[PDB]
Structure formats: structure tokens, C-alpha cells
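The chain contents come next:
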Amino acid sequence: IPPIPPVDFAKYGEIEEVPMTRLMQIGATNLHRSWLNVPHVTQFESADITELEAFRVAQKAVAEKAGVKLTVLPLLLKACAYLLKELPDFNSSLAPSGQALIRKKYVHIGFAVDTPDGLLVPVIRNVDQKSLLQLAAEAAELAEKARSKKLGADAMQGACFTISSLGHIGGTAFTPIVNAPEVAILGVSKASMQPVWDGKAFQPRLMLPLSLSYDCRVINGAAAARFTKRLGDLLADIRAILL
Amino acid sequence: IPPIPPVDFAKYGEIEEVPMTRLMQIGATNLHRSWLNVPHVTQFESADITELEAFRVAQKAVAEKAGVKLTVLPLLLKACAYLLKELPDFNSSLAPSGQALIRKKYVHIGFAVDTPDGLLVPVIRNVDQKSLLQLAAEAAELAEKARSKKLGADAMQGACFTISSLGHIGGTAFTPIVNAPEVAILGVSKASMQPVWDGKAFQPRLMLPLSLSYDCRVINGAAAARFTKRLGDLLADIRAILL
Amino acid sequence: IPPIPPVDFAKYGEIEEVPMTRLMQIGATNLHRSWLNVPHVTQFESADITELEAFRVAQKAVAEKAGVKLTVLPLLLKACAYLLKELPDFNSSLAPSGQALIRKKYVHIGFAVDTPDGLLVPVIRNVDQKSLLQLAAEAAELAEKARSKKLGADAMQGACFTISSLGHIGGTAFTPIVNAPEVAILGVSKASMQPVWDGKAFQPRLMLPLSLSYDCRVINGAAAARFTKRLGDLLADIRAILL
Numbered sequence: 395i396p397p398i399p400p401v402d403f404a405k406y407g408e409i410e411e412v413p414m415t416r417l418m419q420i421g422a423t424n425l426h427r428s429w430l431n432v433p434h435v436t437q438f439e440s441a442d443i444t445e446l447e448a449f450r451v452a453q454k455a456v457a458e459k460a461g462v463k464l465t466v467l468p469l470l471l472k473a474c475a476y477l478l479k480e481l482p483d484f485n486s487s488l489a490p491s492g493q494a495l496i497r498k499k500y501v502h503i504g505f506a507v508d509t510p511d512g513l514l515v516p517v518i519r520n521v522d523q524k525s526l527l528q529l530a531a532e533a534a535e536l537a538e539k540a541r542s543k544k545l546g547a548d549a550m551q552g553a554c555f556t557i558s559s560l561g562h563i564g565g566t567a568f569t570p571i572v573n574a575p576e577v578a579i580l581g582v583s584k585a586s587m588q589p590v591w592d593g594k595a596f597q598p599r600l601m602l603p604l605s606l607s608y609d610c611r612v613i614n615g616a617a618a619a620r621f622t623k624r625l626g627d628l629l630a631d632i633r634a635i636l637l
Numbered sequence: 395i396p397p398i399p400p401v402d403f404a405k406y407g408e409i410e411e412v413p414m415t416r417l418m419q420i421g422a423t424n425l426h427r428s429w430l431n432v433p434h435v436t437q438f439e440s441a442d443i444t445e446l447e448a449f450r451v452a453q454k455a456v457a458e459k460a461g462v463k464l465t466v467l468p469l470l471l472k473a474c475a476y477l478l479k480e481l482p483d484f485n486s487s488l489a490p491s492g493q494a495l496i497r498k499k500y501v502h503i504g505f506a507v508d509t510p511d512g513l514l515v516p517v518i519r520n521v522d523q524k525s526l527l528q529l530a531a532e533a534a535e536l537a538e539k540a541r542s543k544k545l546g547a548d549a550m551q552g553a554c555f556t557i558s559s560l561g562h563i564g565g566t567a568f569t570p571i572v573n574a575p576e577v578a579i580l581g582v583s584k585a586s587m588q589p590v591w592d593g594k595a596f597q598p599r600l601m602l603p604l605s606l607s608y609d610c611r612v613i614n615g616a617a618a619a620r621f622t623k624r625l626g627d628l629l630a631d632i633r634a635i636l637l
Numbered sequence: 395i396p397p398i399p400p401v402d403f404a405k406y407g408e409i410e411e412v413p414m415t416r417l418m419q420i421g422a423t424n425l426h427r428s429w430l431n432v433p434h435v436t437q438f439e440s441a442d443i444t445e446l447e448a449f450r451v452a453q454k455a456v457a458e459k460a461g462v463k464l465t466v467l468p469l470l471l472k473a474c475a476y477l478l479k480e481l482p483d484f485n486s487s488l489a490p491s492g493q494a495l496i497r498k499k500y501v502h503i504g505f506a507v508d509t510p511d512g513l514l515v516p517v518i519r520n521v522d523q524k525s526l527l528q529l530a531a532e533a534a535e536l537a538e539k540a541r542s543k544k545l546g547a548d549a550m551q552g553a554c555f556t557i558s559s560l561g562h563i564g565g566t567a568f569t570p571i572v573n574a575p576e577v578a579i580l581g582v583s584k585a586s587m588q589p590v591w592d593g594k595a596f597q598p599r600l601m602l603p604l605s606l607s608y609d610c611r612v613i614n615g616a617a618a619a620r621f622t623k624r625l626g627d628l629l630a631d632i633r634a635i636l637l
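Chains as they are written, first to last, in PDB author numbering: chain A, 395 to 637; chain A', 395 to 637; chain A'', 395 to 637. A prime marks a further copy of an entry chain.
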């Protein structure tokens, strides 16, 4: 790849050199390797979470009696796990021969935690078998160990899919980079009240912006629109997971 | 490009290998070749199609007496063909010498059809000379032959522009990949009723999300904002094509 | 990178070869070099500029008595300059060793001007020290010299950040390419009246679409959501710059 020409930045004013943590450099290398290896498309969608939000907030009591804080992430994890089982091409990697897909029969999902030293993505194993408060506890633990440098490399491995949630900071949508060898990543942004047509008038519904980046060698455009559509459907009524 | 490190996926659970159809592998190679060769920008816009939709629906009679189903795609094709003639840089390819553009004086447009074996993009020739019901019949035929493996390689060649419509499945917008050597591709997503300011109050207008990816070596940001703006203008009143 | 197979475009109809200006070829090379070197993510946001717009329009008198036209660009420049100082990682470049960031202690910002011969990005030096009408005059001058080929290469150098505004043509959002060695670029699209929930009803507020592309080796997803969030905050009340 043609390199970027060096510039003497000090010709234009005062500069200062700060160094990169090894964690940032590892991260830098991994993203650029994904970038050049995966042809990326982002599919955007927004889900109606008015009812999900009401549930979240009502179970604040239960969650606190169990010591966890029920946020939107355990709900996101549960729903993507159900869906990764319904649409198995999202739960696979491209074989090194380029001629086969390795479909995984397990569902472990990573989630982005941004710490001082860099971004870490802890992995929760067998998300499909854990409950909303179990996933809530685990997420919280892994996030804390990630911030406190106590996260052993074991827990950063063998994920099938990544969720990256920035809803707690802001933004309308973003285009995340697929953490290869996984084949998709779900970006989640800030929810806001939007007017939604009820067939007769605009009702305010709470809308969650979803941004699915995927590896289009493996997942074609229609399979991906169907994944964010099913996800939007499941988050609008999470009871559909029960059937 | 640095390769992706191989992972033993079976350390984390049960895996299964399914293979790729040759069609998927061809597709995979073409997309990655486009990805590394074309610096991509997506320009998003949404067009007001309330009136277009009313027309579509009124001519259901005519369309059925002629045996075709008038969908939004013949209308999209007709309008982009008019525009590919008004803005000829969108109807060209970059010469192999990198120092010239080959401007095409013809308008053939491909459209994405997603079949079981992979994605196919049949090409309708001289879209600029065919009528709405002609284009409707042709699209329908090519889509059927594409699904039934009866599409001869002849019909996959020499397109000037691609339309990729996922509006029938869902989504708010996506970032399509330019099928090089073409220089742009129009992604179309699901139409929904949106509140639009009439200078005094919000009126519900039916809005179609447009996502124009382009090769920014050939098309600069302003030329592309002007293309989706003219397209939004033409779809809001398709009679402008008549003049 | 695998090359794109040559096609005989004249098999499908009449073609014509127009050549590229050296300016376009320079531009083409720079964008493709950025594309392959920088892993890109776009963060989207929209800012409430109802009040900013009212101010702009009230100071039409002052602006005209000073000979400049106060547009949204001097306001964008002032606010990003304040922010490039608050969040210094946005005002830096990656060292050639890949292991350090060169943080710049100066703020010069470039802005995209699209001319007949290609795109130029003049640089305004020390934007942080100039006032709204100063920046207004300077922008206008540089834009004119850029269109009239009288822009000396000196003024295209040593920028820290780029603003690319297409709001005057149209569009909902786009994904700009980072002009490496800079680490971010702000795309600005067309403002429109949107319904925004006041906690009780939807109020029409004038909304400006912001599209921040960044180099995710240097800037992680959360730092970027926080930059467009602070920017949206500053444009909703530009008096916050005063404190």
C-alpha cells in the first residue's frame, strides 16, 4: 500500500510527541488488518424500544435486589443470541481456504469496553444459555476487570459477534469495523423520542439506532437487512424470544 | 495486505464446515477487488415519493392488463437513466491509464437480485429508450432467469451503473460497494411516513431513503450531492423527465 | 492489490475519452492512499442550530458593513477550533514509527472548496485566534483564489483537521475520507426543520447533520461520539465558547 509522505509538523507550529500504549498499537494493527481484509457494508435500522424501556425500568427493584444494574446491553445480548441461532451465517467465519464457512454451534458475544489504555472486548460465553440478570452481572464484572487491567487474555477470545454500544455518550449512528475473523458487529447509538406514523397520526416512540457492519463476502445485502429487521422486531417485543 | 491469523474455532465449541458456491466465491473476490481499488464515500438523501406512489398504485389496472407488476424499480431505472445523461461523469469508467475517463454514450443499468446461490446483477440495456411497463417486464424476466440459473453471462455485462434495492426487506440506509469499473451504485431502502415541514406545520410525506456510494477519484463530494438532490427532485415529480 | 480487469467499453456502445486534469489525478492518488492507510469509521450526529441561525441572520447588517458574508462555516470553524483544543487527540497525527502521536499545539483548519479543475482544501491558520468576521473574510478570499487558480501551494499545507460542507447543495449525511496525515474530517450536510421532543410535544428545531469520519487507530469510538456530542452542544449555544 503506498505510504503516507512524512510531514515536518514542527514547520507549522509547536508540537509535542506522546507515545502509544502497547494496547493502542495492538488495536491499531488489528483494525487496519480488518479494514484491508474485509469489504465492509453498514446496514442501518432503528428499533422501537418503548416497551423494552418500560420493562427495564420496572425491573429496577429485582435487578437491585440481585446486585446488578439492568441496562440495555443484557437485552441486546439475549436478542442477538437468539438471532445468531436463527440466522447461522452470522455466527460463522470464513475458512482460511476462502472456499468454506466454518459455522459455529456455540454463541459467545464480545462487547466493546473503552478503557484508558485502549479498547478491550471481553467475551461472554454461551450468551444463549444465560438469563437477563446473569448476563447483567457478567457484563458488569468483565467491564470492571477490563478497566482495572485484571482481564486475563482468555476472556478476549473466541467470540462469534461483537456489540459496540455508544448510546451512553451520544450519536445518531456510526459505521463500526468488523473484528475479523468474525463476520459482523452491531453498533448501538443513543435512543431518542421520534414521531412514528400509526397509520393515522404521529405517535412518539422511543427509537434505538442500530448499525450493523458486515463482511459482504459472506453476508449479502438482503441477509443483512433481514437480520436488522428481525432484531428490530425482537426488541420491539422481547417476548418473541420465548416461543 | 497482512493476513488474518488462523483461529482453531473448535477450541471454543462445536463447529461445522459448509462450503461456498462458486457463485459466492466469484462474488467475494469481486467485492474485495472493488473495496481495495475504489476509495468509497456514501452520500445519503431521501426523496418524497408520495405522489409517485399514488401514480404507481393507480396504474395497477394498466400494469395488470399488460401482465407486468409496476413496482418502484422501473421508476428508479427511468429516473437514473435520465440523470445519467444529464450528469455524464456518473456514466463513465476510469481508463486503465488512470489519466482519462471513458464516458459511455449508452445507458445500461444493472440491478441486484439476491438468489440462493449468491447475488446476481442482470443488466437492462438502453434503459433510456424503454418505457415504464417495458422496463417492468424486462426486470421481471431477468430476475426470474437469475433465480432459475437460466441467466446467460451475456446479460451480466457492460452495465454503467447499479441499483440495489432492499426496500422490500427493510432498513433505514446502507453503504453499498461500487461494482468497479462502474463509478457509482444507488442503494434504496424502505419507505416510511415521515413528518416534513411545510413552512408552517409537519405534514406526513412518504419518504424513500437513497444511499449513493461513489468512486471519489472520479466523482467529488459536491457532484454526488447534486446527483442525489436531482434524483430526489425527479422522483418527487416524475413529469420533469418529460421536458 | 489485485487490479480491476480491463473491459472493452466500446463493445456495448459508443464511448468517448475525456482526460483528467493533473489536479484530479493528484486528488485521486491522495484519496486512494488515505483509503488504504486509514481504517475509517464515520460517527453521525445532528446539532440544533435554531438559535445559531437566528444570530447569523441578525448580524447580516454588521457582516455587510464589514464586507464579508457571515455563513455557517466561520461558526463551524470557531467551534471546532475550541474543541480541537479541548480534545487534543483530534489535533494530532500518527508518527511514522506507528508508536507515537505528534500532538500539534497549533490549530490550522482546512475546508473543502470544489472548483472546475478539482477539489482544493485551503488552510486557515490559527483559527483559534481569529474572530467570526475575520474567519469569514479569510474563508471568502481563499475560496476565490482557489477558484481562480491563484492559490499558492503554501496555503494548502499544514492543516490539523478538515471541514467539508455540502449543506449548500443537499444531502442528509455522507461518509468523508480522512485526509491523512490528519486524523479526522467533519462532513456537514443540509439543515432542515425536524420535530424534536421537548419532554411533552414535538417542537420544530432546525437540525444540522454532522458526519465525523476518523482514523480509528488513533481515535476510538467513544472519543469520537464525545467529540460530535460536544460539537452539537457548542453549536446549540455558541456562547459556551466564551467561558
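Take the hints with a grain of salt, since some may be wrong.
Said to hold, decoys possible - Here are a few chain A'' residues that sit away from chain A', every Cβ distance over 12 angstroms (derived from the structure): (1) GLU411; (2) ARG427; (3) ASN520; (4) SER542; (5) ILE563.
To be verified - Pair ranges (Cβ atoms, derived): (6) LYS454/A with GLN419/A': 49 to 55 angstroms; (7) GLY461/A' with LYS454/A: 39 to 45 angstroms; (8) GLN597/A with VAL412/A'': 28 to 34 angstroms; (9) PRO598/A' with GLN453/A: 44 to 50 angstroms; (10) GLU408/A with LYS543/A'': 29 to 35 angstroms; (11) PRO598/A' with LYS594/A'': 44 to 50 angstroms.
To be verified - Calculated cross-link-like contacts (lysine-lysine; reagent style BS3-like; alpha-carbon spacing at most 30 angstroms): (12) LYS623/A' with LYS584/A''; (13) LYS594/A' with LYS584/A'; (14) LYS539/A with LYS623/A''; (15) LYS584/A' with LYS623/A''; (16) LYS584/A with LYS623/A''; (17) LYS544/A with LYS623/A'.
If you are wondering where the hints come from, they were derived from the structure by calculation, not from laboratory data. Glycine included, C-beta positions come from ideal geometry on N, C-alpha and C.
Going down the list of hints, with the structure as the test:
{"no.": "1", "hint": "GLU411", "result": "5 angstroms, violated"}
{"no.": "2", "hint": "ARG427", "result": "9 angstroms, violated"}
{"no.": "3", "hint": "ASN520", "result": "26 angstroms, holds"}
{"no.": "4", "hint": "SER542", "result": "18 angstroms, holds"}
{"no.": "5", "hint": "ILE563", "result": "4 angstroms, violated"}
{"no.": "6", "hint": "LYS454/A with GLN419/A': 49 to 55 angstroms", "result": "51 angstroms, holds"}
{"no.": "7", "hint": "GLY461/A' with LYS454/A: 39 to 45 angstroms", "result": "59 angstroms, violated"}
{"no.": "8", "hint": "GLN597/A with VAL412/A'': 28 to 34 angstroms", "result": "53 angstroms, violated"}
{"no.": "9", "hint": "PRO598/A' with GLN453/A: 44 to 50 angstroms", "result": "36 angstroms, violated"}
{"no.": "10", "hint": "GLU408/A with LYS543/A'': 29 to 35 angstroms", "result": "33 angstroms, holds"}
{"no.": "11", "hint": "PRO598/A' with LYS594/A'': 44 to 50 angstroms", "result": "21 angstroms, violated"}
{"no.": "12", "hint": "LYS623/A' with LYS584/A''", "result": "11 angstroms, holds"}
{"no.": "13", "hint": "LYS594/A' with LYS584/A'", "result": "27 angstroms, holds"}
{"no.": "14", "hint": "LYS539/A with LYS623/A''", "result": "28 angstroms, holds"}
{"no.": "15", "hint": "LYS584/A' with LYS623/A''", "result": "28 angstroms, holds"}
{"no.": "16", "hint": "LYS584/A with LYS623/A''", "result": "11 angstroms, holds"}
{"no.": "17", "hint": "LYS544/A with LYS623/A'", "result": "52 angstroms, violated"}
The structure is inconsistent with the numbered hints 1, 2, 5, 7, 8, 9, 11, 17, although it conforms to all the rest.
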